[PDB]
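2 protein chains.
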Amino acid sequence: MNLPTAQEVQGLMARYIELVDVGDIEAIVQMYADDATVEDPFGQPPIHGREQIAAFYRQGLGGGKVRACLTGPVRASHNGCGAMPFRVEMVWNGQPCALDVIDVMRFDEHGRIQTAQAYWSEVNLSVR
Amino acid sequence: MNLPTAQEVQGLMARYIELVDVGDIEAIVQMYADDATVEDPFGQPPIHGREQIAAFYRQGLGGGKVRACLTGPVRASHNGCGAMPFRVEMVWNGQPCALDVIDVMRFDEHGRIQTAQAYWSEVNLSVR
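Protein chains in written order, with PDB author numbering: chain A, 1 to 128; chain A', 1 to 128. A prime marks a further copy of an entry chain.
These are computed hints drawn from the structure, not numbers from a lab. Every clue listed holds true.
Short derived list, chain A' residues pointing at chain A, Cβ under 7 Å:
1. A6
2. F42
3. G43
4. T71
5. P73
6. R75
7. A76
8. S77
9. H78
10. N79
11. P85
12. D100
13. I102
14. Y119
15. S121
16. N124
Simulated restraints on C-beta separations:
17. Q95/A to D24/A': 38 to 46 Å
18. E26/A to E122/A': 28 to 36 Å
19. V91/A to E51/A': 47 to 55 Å
Cβ atoms here follow ideal geometry from the backbone N, Cα and C, with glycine treated the same way.
Please put together the full structure from these sequences, using the hints given.
Structure below.
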């Protein structure tokens, strides 16, 4: 793939959510370029590179029971970027929780994620 | 106000949508700092400053019948930023249209919008 088209960004972002939802860590890491950054939550310092990104996703998804689903359409650009709204379900002390998130991503000229920025704060959490 | 808190970002972003929805242009322009930028759609060159921003909103809302509403919660940060999903209804040739959008905004230390980035592409449009 080259720089993704708006159509392709929709596909890729949607794919990312599918991989979070099944909790496939190596497949998630494979979406990222070599030396990609992740800011999650946006406002924290970026993590760098596929090893740090893998560790991050292990700390998040290595329970195996997280679920994630789009809660509206991917909004894509013509310059290989997009933003999407989703909800993550997690169990955080035998208590179900939900977190509402918006990811902004920028893709490189090979279709890998170059930057990911996950917008959310503690009030987007619902312990329920 | 100072740099907005996550709570305050929610309020401000929500307010912005309310002002779009009633089509109040001077109130929208007053939310922006002096020398704020707007990228709408993200991928296009930024417009600069309160006069260009006013002209932009006039070209968008000076029919008076556009409507806008959040389609999920504002996701806020602890560094005066947030992102929100919304839908804009417009009539574009006597034909109702809807556009799905995600705005990312960064606020300054006075609570004014410093940058606004509106993520959307033509496939987020529905002529219906």
